[PDB]
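Given only the sequences and the hints, what does the whole structure look like? Please build it.
Number of protein chains: 6
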Amino acid sequence: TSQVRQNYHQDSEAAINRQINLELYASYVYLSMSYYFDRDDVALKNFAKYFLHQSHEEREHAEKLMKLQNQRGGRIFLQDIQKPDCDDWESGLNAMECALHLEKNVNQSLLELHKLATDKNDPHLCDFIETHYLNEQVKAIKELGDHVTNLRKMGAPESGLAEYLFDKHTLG
Amino acid sequence: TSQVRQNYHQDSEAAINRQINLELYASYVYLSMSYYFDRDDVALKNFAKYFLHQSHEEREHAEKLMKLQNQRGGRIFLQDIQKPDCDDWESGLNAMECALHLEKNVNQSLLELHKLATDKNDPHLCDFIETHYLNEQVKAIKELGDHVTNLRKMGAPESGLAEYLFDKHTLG
Amino acid sequence: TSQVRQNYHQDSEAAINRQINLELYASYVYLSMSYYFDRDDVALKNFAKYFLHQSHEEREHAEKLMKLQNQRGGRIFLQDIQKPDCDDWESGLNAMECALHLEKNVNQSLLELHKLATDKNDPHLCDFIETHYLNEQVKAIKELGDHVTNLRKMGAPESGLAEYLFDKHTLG
Amino acid sequence: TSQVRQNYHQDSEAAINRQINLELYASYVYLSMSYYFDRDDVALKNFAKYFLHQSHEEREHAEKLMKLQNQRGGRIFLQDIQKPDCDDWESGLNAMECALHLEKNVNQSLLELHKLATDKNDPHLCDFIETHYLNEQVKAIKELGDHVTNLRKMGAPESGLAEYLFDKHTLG
Amino acid sequence: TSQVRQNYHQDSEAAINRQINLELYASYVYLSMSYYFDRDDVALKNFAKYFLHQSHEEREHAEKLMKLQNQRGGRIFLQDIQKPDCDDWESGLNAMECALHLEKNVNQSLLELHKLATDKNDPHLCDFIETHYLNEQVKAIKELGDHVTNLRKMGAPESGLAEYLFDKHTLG
Amino acid sequence: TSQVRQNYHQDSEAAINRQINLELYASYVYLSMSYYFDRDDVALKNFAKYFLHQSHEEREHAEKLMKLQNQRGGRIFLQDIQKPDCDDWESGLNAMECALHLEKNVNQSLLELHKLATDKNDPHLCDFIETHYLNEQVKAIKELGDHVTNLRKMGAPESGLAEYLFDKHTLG
Ligand SMILES: [Ca+2]
Ligand SMILES: [Ca+2]
Ligand SMILES: [Ca+2]
Ligand SMILES: [Ca+2]
Ligand SMILES: [Ca+2]
Ligand SMILES: [Ca+2]
Ligand SMILES: [Ca+2]
Ligand SMILES: [Ca+2]
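Protein chains in written order, with the UniProt record's numbering: chain A, 6 to 177; chain B, 6 to 177; chain C, 6 to 177; chain D, 6 to 177; chain E, 6 to 177; chain F, 6 to 177.
Put simply, identical chains are the same to the list, so a pair is met inside one copy or across any two.
Calculated pairs, DSS-like style, for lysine-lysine (alpha carbon to alpha carbon, straight line, at most 30 Å): (1) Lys88 <-> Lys109; (2) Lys88 <-> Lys50; (3) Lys147 <-> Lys109; (4) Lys69 <-> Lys173.
Hint data in this document are derived by calculation from the structure and do not stem from the laboratory.
Below you can see the structure in the form of structure tokens.
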């Protein structure tokens, strides 16, 4: 038991280890989406840059949780990072819809983590999650919803002109 | 026989002279495409600038090979430069498709040159081709493929609006 | 089959997909080592920074291969990223020894890839590997060997003073 | 028939197409002369630079005529570019004498073009030729005559010292 | 056996040790030529500076090979450095002719080293030689050929004025 | 006999030629020591840099003597440069002890040269040696003695920590 550990429940420690794997998995999903748009038969450079940036940010979120685990006297335990479910993402609109779904799932996991921290009376963990994760998730979800709405209204994905213009004017 | 000539096969010397003519020919093809887009009844200024730049680069590639011939103690032998097969290039998409085909043909010739240099055990010639030509060709081919994909997805060449927007947003 | 694909063997395409997973795995190993040194009961900040930097570079190497796959007309196929074999890395010296072993293994895979590219007569792939990977590997291996030699000569890992001073004077 | 065409005779259009080929041919001749001086057994670097610059300028002259053709509503028609008559240019003095002869021939063609434009009452074409070509030709011819006179007076080409010094002091 | 050694053949290691001695020997030859031109009865300062610079570069080439030996896990083994064959170099032209011969000999040794690396399947060693040595040798040889041609055409070495002017205008 | 030679004895000329070889030999010894510290199984970078700098300075000393020989109307006569007696230098302390011994030997040769110049009544040669060599030697010897004393007092070479710290704090 760590000399620094104080008011840090075993259940919280385990849940943090799970969240770490989830963020690394999200990073992997975004990495796959990015390079799909880099294909010569897809070729939407700004969609590709958008998802690569998202991939790097998810990786950063995971490292922040690893830092928190050590700060509290807990111990990091890593697991395999599962490959994404899809290899081909279909279209710009489909990719954005999948990302929205992914983000809502990560948000659900964070809300469950917050409830657990509350039940265990760990105010430091509650504030950490509120401060660094909760608001970021809400902003991310609103942004993806906006994008999905615009692509649909423009006539994507049936209209190839729609996806080309969105890549230039919104993501560019 | 040149006082500088060393490990430079007669077959390699001849193949270099052939590659020189091929690059000059590619330069001529791009020059023709450029001014086709400058016509009052076509009028796509950025397509015109794009192909003119390609024309100048091909000319530079040829001069580099002429420099290499002299460096190795070989002798330059020039041939007529054949006129392009087409005078009218039809459309932006058609021109891009023809350029893709042209580049793949020049790439094939370079791969054959590399194989010959390998058989003759000329490591300097192999590295020269690898360094200055092989990677440039691969990048060029990927770029043209990307362009072709976008124009097709936008609805070219049937859609005149598609070619107008690509000229502004991608080539501009 | 991609409109850009030329002289790119199916076996090469598959080997590239395998190398991509291997680099991502190496990235994961370095990430685990980094945060082990961040523990309150280990506490060697410069060892931690050193391995985190290595982790980011391996991730970059993987992305470069993903870029190459698309450039040649090949198709990315991702696999699970296996968790590292160890959770606890023992000591600074032990971690450096494990990294040396890891790098020699990645080097072996690259040498095998180069031999395959040679057999398939793919000069572009051979040069890509030579240029971006082979020399980097040799430098990395020499650096790790140097570090291991110094730690051993200083009296690590039995001497805790040795690891503390190396962290400050060499890695700092 | 172009919507922009006005007072542009069919004979003028054809003569412009011929002049375009002539300028491209002159460019090719200068390119050949340039690299002859780059040979290890000739080695006069400033003669080489001088002729390469002339080659680029002739190429520019041709592009200007291509621009003019399109401006007037005419249509570009390209022909093969014939290889130069010589592969070996003998000496610095001989090359300068050949260039003088070449320039006087191009000048004759331009004077004939001007006479035709005059007969067809095309004041715009007459002024274009006067402005951009006639004075440039006269200056070029005077310059080459000066060079030829100096080389001869110095004792070229029998004197190898003469050509070496001219390369340094006049062309350098 | 070095902890860093991987895919490095014993024959390659030995050949590298031999190349090291050869470059040091070339350095010694150029050093001797340099100070010959510094004599009061020769007095060509720019010839002297030219050869001294060549001497320093050869020394640098040798150190680079020593660095490579250590990087691969090989062991440096030095030999006596033989004195040059001549003490008196006769003339500027004679010195340049001897240097051309020397460089072609060093080039032959490098080509033989490359063939050996190829037979032993050492892609890293092949690329190292290609990258740092092969192209430098070709440039060096072309430069010396150019110099020899100019001196001969000027009337060296019978003409003392020729060597004086070349020292000022080419080497100065 | 040189038109510039004045009061320059044949014995002095010969002794200068011998000193030149001795300085080149010292340069070779330092070069060998330098790269010994660059080995993966030694790895003391600052010891390596220290000896490489010494190697370059000895080479400079030799060139200065070659310059002096020509200034006085004497003639340079070079000899083979013998390989160092050792290939493996054992340790940092051992290398420093060997260098101290080497420097005292070079100093003895210089003192003998000065005595000869004195006997031949050559005031210019005496002052040259005093000015450029004698004081430099004394400083070099004192510096090496200081280093040897410190390494011994620290517990080298039995203590690997001692050599590591000296490399950082004194030579770094
Ligand atoms: Ca598993
Ligand atoms: Ca013909
Ligand atoms: Ca290469
Ligand atoms: Ca799985
Ligand atoms: Ca024809
Ligand atoms: Ca011996
Ligand atoms: Ca001997
Ligand atoms: Ca004095």
